[PDB]
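**Student:** Chain by chain, the residues run as shown.
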Amino acid sequence: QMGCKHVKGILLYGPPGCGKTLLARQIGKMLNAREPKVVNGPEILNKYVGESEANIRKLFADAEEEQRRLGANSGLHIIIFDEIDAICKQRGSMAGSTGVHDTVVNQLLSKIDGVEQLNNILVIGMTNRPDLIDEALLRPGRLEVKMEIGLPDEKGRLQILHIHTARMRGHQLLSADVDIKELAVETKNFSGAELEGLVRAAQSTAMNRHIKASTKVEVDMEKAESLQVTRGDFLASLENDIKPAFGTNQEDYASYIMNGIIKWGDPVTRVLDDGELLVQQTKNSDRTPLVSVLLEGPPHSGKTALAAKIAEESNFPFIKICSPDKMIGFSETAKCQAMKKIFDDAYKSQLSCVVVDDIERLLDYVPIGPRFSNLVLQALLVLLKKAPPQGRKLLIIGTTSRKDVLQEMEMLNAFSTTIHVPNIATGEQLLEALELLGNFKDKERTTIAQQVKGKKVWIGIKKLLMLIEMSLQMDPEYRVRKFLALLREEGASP
Amino acid sequence: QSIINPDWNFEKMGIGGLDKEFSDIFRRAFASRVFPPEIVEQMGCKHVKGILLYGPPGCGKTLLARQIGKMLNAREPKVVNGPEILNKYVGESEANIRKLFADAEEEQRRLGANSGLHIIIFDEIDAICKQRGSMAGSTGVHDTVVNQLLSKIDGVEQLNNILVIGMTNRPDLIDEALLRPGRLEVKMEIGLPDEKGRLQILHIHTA
Amino acid sequence: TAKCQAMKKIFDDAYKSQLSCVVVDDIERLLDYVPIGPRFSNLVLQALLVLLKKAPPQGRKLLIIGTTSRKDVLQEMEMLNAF
Amino acid sequence: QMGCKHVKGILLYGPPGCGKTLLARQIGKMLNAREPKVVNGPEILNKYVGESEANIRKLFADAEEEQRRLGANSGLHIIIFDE
Amino acid sequence: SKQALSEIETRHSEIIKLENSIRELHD
Amino acid sequence: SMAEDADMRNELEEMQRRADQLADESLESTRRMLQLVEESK
Ligand SMILES: Nc1ncnc2c1ncn2[C@@H]1O[C@H](COP(=O)(O)OP(=O)(O)OP(=O)(O)O)[C@@H](O)[C@H]1O
Ligand SMILES: Nc1ncnc2c1ncn2[C@@H]1O[C@H](COP(=O)(O)OP(=O)(O)OP(=O)(O)O)[C@@H](O)[C@H]1O
Ligand SMILES: Nc1ncnc2c1ncn2[C@@H]1O[C@H](COP(=O)(O)OP(=O)(O)OP(=O)(O)O)[C@@H](O)[C@H]1O
Ligand SMILES: Nc1ncnc2c1ncn2[C@@H]1O[C@H](COP(=O)(O)OP(=O)(O)OP(=O)(O)O)[C@@H](O)[C@H]1O
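Protein chains in written order, with the authors' numbering: chain V, 247 to 740; chain W, 206 to 412; chain R, 579 to 661; chain L, 247 to 329; chain U, 188 to 214; chain X, 0 to 40.
These are calculated hints, taken from the structure and not from any lab test. Just so it is clear, CB atoms sit at the ideal spot from N, CA and C, and this is done for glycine as well. Don't take every hint at face value.
Mimicking DSSO-like on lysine-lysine, the simulated pairs with C-alpha atoms at most 30 Å apart in a straight line are [said to hold, decoys possible]: (1) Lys631/R / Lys586/V; (2) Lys283/V / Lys251/W; (3) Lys649/R / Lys708/V; (4) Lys335/W / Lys649/R; (5) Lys427/V / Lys251/W; (6) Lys458/V / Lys225/W; (7) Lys649/V / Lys632/V; (8) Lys702/V / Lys687/V; (9) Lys335/V / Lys283/V; (10) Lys335/V / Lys293/L; (11) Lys581/R / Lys587/V; (12) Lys392/V / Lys587/V; (13) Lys649/V / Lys649/R; (14) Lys293/W / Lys189/U; (15) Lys581/R / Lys489/V; (16) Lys293/W / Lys293/L; (17) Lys555/V / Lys649/R; (18) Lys489/V / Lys335/W; (19) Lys251/W / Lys434/V; (20) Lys392/W / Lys458/V; (21) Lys392/W / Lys581/R; (22) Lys458/V / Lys251/W; (23) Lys708/V / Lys594/R; (24) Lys566/V / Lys587/R; (25) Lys594/R / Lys709/V.
Computed far set for chain X versus chain U, every beta-carbon distance over 12 Å [what the hints assert, rightly or not]: (26) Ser0; (27) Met1; (28) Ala2; (29) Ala5; (30) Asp6; (31) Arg8; (32) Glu10.
Chain V with its partners taken away, still in its complex shape:
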């Protein structure tokens, strides 16, 4: 009564290890019809001329005969094409590589829907690169619907592990001290195959513990029957065995924060408080989808470490750090590309947070003349005011050690707020830092106190750490004297 045609095409594709084959095999199993036809990649190509299209005719031969035999009440046939990119390359560029492909693709084109209208076939395609698929074929009548598989999230992830661990639970092999939720929380950005890999990897080490061999290959058999995967297994496993196939958005935090944070006084607390205030503001506002804050402080004051802490405090889904460390030897244009790319990615997720550290070292600034890369400066200035797509937000935190220079280039006016990072000023705080670090004893803590109380002090935290490390290499009876001499020698500061 609707007298309407039928669809016969759907294109499956995505990143590796998502489950494309799983869907193809189950979909074929689900539909009740003739046994599925499987084309194992470029298995049709032959050296003899003309046999290539012959195999395609053989593949479709059964359907045509049955369709004529039964008429409008004939059954439905299914063909599964695997790695279509192999055959259907991009010969649209006139020629291909072998003189046997253009004819094959044209033959299929006509065969599926040509002079004779066939309506009892279904084609299922799996690939890895959408470009290699020709646009002309993916037109109404042959392939009019497409799909784009992706990676799972924590919610579905729980299911993925719950389907594989089920048998272990059913066989009572899973030690009851294992929590799935905790595991799913840690494993972020994983793929389909990776998850199975974790299960096998973790089970592997426990498998190994029971077997005691190496010099002679013998099975103990005394503990074989007694076994149960432990919680430690998964931990050790991933830690040293599995690495996500897409790296990690959060880079090696230990590279930046090598000592955590120690509260030597109020100023650190105030800075963290402001960081929380700002991130909260950007979290719950709409009239200003974009915000920015600039960190400024003397050198060797720990700006980057605090910036990382503040960013880590926010639970934004996407957090990334761009620094000059990775770009060494890059020309004046590559830096622009990397800058464009990172801010491109940040546009995808709903909430983002990006940190730019050591601005002045990213512009190649040197005070002889002076000199700097103008192009990068522009690429930076334009990006600080480009609002993201509708219904999204962003947050940019920058770092610098030269307040005046940024004023000279007239860029401080772009940022919306500035924060000051102070340094040790009172000897009492110095003693507090030493006490918390616990590197000198009471008699030593007093001896120094008699000197620090004499006058004022001014030194960054990192320098003081270096001084302590150098000091502890002398003889025990002279360490204090060396430390005092070092401070006085370097203590010439306002």
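We have chain V already, so just place chains W, R, L, U and X with the ligands on it with the hints.
**Tutor:** Chains W, R, L, U and X with the ligands only, in chain V's frame:
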């Protein structure tokens, strides 16, 4: 039937300074195939089917490959020397590659679960396997070869007696799709030994 | 860029080992410098300043030594405060 | 008894006109064995796919057959990859 | 191929003799 | 900047010799044999 030759001794294979790597590889690869099958049956796990080695020149990768091949109490391994599969005709490289897995498929079809072990050594795998969409200079056969190998190694059909070993000097140029779990999991990096390693190396050679 | 890459290769190869020492001699001759002008290459200076503050992968140690014969010139470029 | 393996490689280099080819030919003639093969630069290249590798492999076939057949009393073969 | 067609002619060689024998029987 | 050489595409096996008239001749003899054998009965 035992999977390992009873007359095998670790001290006799003539390796030195790579004890940890050998132990790790043995734990990862053959651990599941030596324990009595019943445990595997209730566990319901699928064996690993891939090992890759890489390092600077003159480290001893080929020695590890040959010793692993000889260790297995099974049929003699089949060796493929570098890019020796390429052929002038079209449709012959793929046929030659498929011929390598014929016997394993036959054994799987005939005896099903209880089957021997078949090994393949893709020496200098970098020559044939590269990232798709680069070498486009009259590439009459290269991307088709790599696609066929991808399909054959792990496709709709499943096997349980295939083991793939690959040695390379350029780890970062291989296709990512060939590095996924289930195809090539074990990846080991062979490096220069230390004083103790040098000691063992010089002791073995002068016995 | 040849100089940059040739220095990067050494500074990377030294990371692979556990602990190591590197020597950079005749800094002023490494980056072209002449009292006329002055004239010097910025890229090499930036690469050096970046490498001088890159910690190796965790659990590995490094010692870097440098030799120069013109202290004031290096002080002007703000490099003397990084040692 | 010493359990060693014979060396299987040599190389030479120098400025033009010093007596390289002469030494190569003399050493080739010094052995009471089969006639040495020859390859004069790119004389093994070919246009058909994979034929170059087959040409290279053909060179070593005789030595492999000799080794597998006669074992430890096998003969001696030489080659010259000139240029 | 040259060899294949030479073989086909060799096969055909016997047809004439058989035909002559049958015509002899007919006579 | 001169487009470098390219590997010979491949080989497309195709063989044709002298079959047509040789097998047509072969046929014309069998037909006559059939006719004679029919005639004898
Ligand atoms: N979402 C998923 N849930 C469960 N298992 C999965 C999932 N994705 C992948 N796998 C597992 O990955 C294993 C190997 O990867 P899979 O065959 O799914 O990848 P594919 O990209 O679809 O295949 P191919 O590389 O052949 O095109 C399969 O056995 C399947 O068990
Ligand atoms: N309470 C603290 N606040 C900040 N940094 C701290 C604190 N306690 C210890 N540190 C150490 O301070 C170090 C500062 O790191 P870093 O040198 O990258 O920062 P910076 O001084 O802002 O940078 P720059 O080297 O450009 O001067 C960190 O490695 C951390 O180990
Ligand atoms: N651990 C080792 N113990 C003893 N001998 C070794 C060891 N590693 C290397 N060798 C010696 O090195 C020689 C060459 O080894 P091999 O062919 O494996 O080298 P490779 O560097 O891995 O190969 P390639 O040259 O193809 O990159 C072997 O014959 C062996 O004598
Ligand atoms: N020590 C020597 N005594 C006699 N003749 C010598 C000596 N060294 C070289 N020659 C002469 O070298 C000539 C052959 O040229 P030769 O092979 O030396 O050139 P080459 O060094 O191989 O040049 P190229 O750089 O092109 O390879 C002969 O005429 C031979 O007499």
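**Student:** Compare the structure with each hint and give your call.
**Tutor:** Structure-based check of all given hints:
no., hint, in the structure
1, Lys631/R / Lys586/V, "holds, 26 Å"
2, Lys283/V / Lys251/W, "holds, 26 Å"
3, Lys649/R / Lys708/V, "holds, 24 Å"
4, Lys335/W / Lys649/R, "violated, 51 Å"
5, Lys427/V / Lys251/W, "holds, 24 Å"
6, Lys458/V / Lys225/W, "holds, 16 Å"
7, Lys649/V / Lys632/V, "holds, 24 Å"
8, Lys702/V / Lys687/V, "holds, 22 Å"
9, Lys335/V / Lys283/V, "holds, 22 Å"
10, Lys335/V / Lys293/L, "holds, 25 Å"
11, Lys581/R / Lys587/V, "holds, 28 Å"
12, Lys392/V / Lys587/V, "holds, 27 Å"
13, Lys649/V / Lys649/R, "holds, 27 Å"
14, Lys293/W / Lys189/U, "holds, 23 Å"
15, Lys581/R / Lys489/V, "violated, 34 Å"
16, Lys293/W / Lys293/L, "holds, 10 Å"
17, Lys555/V / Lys649/R, "violated, 38 Å"
18, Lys489/V / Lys335/W, "holds, 22 Å"
19, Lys251/W / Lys434/V, "holds, 24 Å"
20, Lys392/W / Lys458/V, "holds, 24 Å"
21, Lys392/W / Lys581/R, "violated, 34 Å"
22, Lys458/V / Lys251/W, "holds, 22 Å"
23, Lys708/V / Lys594/R, "holds, 27 Å"
24, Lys566/V / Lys587/R, "holds, 27 Å"
25, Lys594/R / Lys709/V, "holds, 28 Å"
26, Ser0, "holds, 45 Å"
27, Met1, "holds, 40 Å"
28, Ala2, "holds, 37 Å"
29, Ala5, "holds, 30 Å"
30, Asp6, "holds, 27 Å"
31, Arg8, "holds, 23 Å"
32, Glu10, "holds, 15 Å"
In summary, the numbered hints that this structure violates are 4, 15, 17, 21.
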